[PDB]
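There is one chain below, alone, in structure tokens, taken in the form solved without the named molecule.
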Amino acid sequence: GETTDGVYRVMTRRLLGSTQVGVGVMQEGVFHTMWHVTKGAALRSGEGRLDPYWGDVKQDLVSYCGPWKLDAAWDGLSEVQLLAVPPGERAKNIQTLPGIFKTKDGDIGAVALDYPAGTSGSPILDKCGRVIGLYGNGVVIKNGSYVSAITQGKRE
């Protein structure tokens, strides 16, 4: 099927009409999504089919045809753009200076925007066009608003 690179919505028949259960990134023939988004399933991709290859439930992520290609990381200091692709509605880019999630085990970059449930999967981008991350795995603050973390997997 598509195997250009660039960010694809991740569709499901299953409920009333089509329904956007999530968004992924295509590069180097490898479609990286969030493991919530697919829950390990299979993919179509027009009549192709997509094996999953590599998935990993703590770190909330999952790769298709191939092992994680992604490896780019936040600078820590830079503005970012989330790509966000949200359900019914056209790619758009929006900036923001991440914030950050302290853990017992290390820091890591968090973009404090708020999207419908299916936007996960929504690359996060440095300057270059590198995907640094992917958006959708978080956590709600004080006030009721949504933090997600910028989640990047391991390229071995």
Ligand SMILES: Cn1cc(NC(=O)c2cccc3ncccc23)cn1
The other form holds:
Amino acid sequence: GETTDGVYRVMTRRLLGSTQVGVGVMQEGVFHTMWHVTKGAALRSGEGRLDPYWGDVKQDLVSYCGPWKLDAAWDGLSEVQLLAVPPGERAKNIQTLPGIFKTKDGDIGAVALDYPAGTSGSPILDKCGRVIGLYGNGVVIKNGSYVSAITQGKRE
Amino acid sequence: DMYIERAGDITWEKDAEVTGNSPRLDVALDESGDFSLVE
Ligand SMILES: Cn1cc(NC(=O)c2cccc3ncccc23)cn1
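Form solved without the named molecule already given; the form solved in complex with the named molecule follows:
First the chain shown before, then all remaining chains and molecules of the complex.
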């Protein structure tokens, strides 16, 4: 099917109508999403099939057709954009400066932009349009709003 | 069999909406890939 670079919607018909369970990034002939969106399942594009290649439930990441390709990193200073893709709505850039997840293993960029879980897998970009990570794994805060890590994988 | 549909080019927009804050949260992560707050 479609192997063009860009952002995609991840849909199912295993519920009422067609439901968007998440989002992903096609780059260098590899599809990149969050593990919680597909649970490692195969995907259809056209009449073509995408088979899982790499996945990790703890990173909550999964690649199709090839190894993880996205290696760019939040610089720690500059604003970023959630190129969000909500369910039933057009792609929309939402610009912000990332806050911080502090953990025993290290510090991770975060974004506090709440959206349907169906936006899970939407790519976060830097000033050069490089994907520095995916939106949709983080935490509900006192407020009640959601804050997402900038989840990035490792390129081999 | 879950299916995908394309949605756009991977582009920074000049003159895009600038919202969202920058919090400093103390976070943990469980073996099942769920983040949690550590007060
Ligand atoms: C099993 N699992 C599910 C997730 N992520 C979410 O559900 C989620 C993603 C994005 C935005 C959200 N806003 C409010 C509430 C949840 C979310 C991570 N792991």
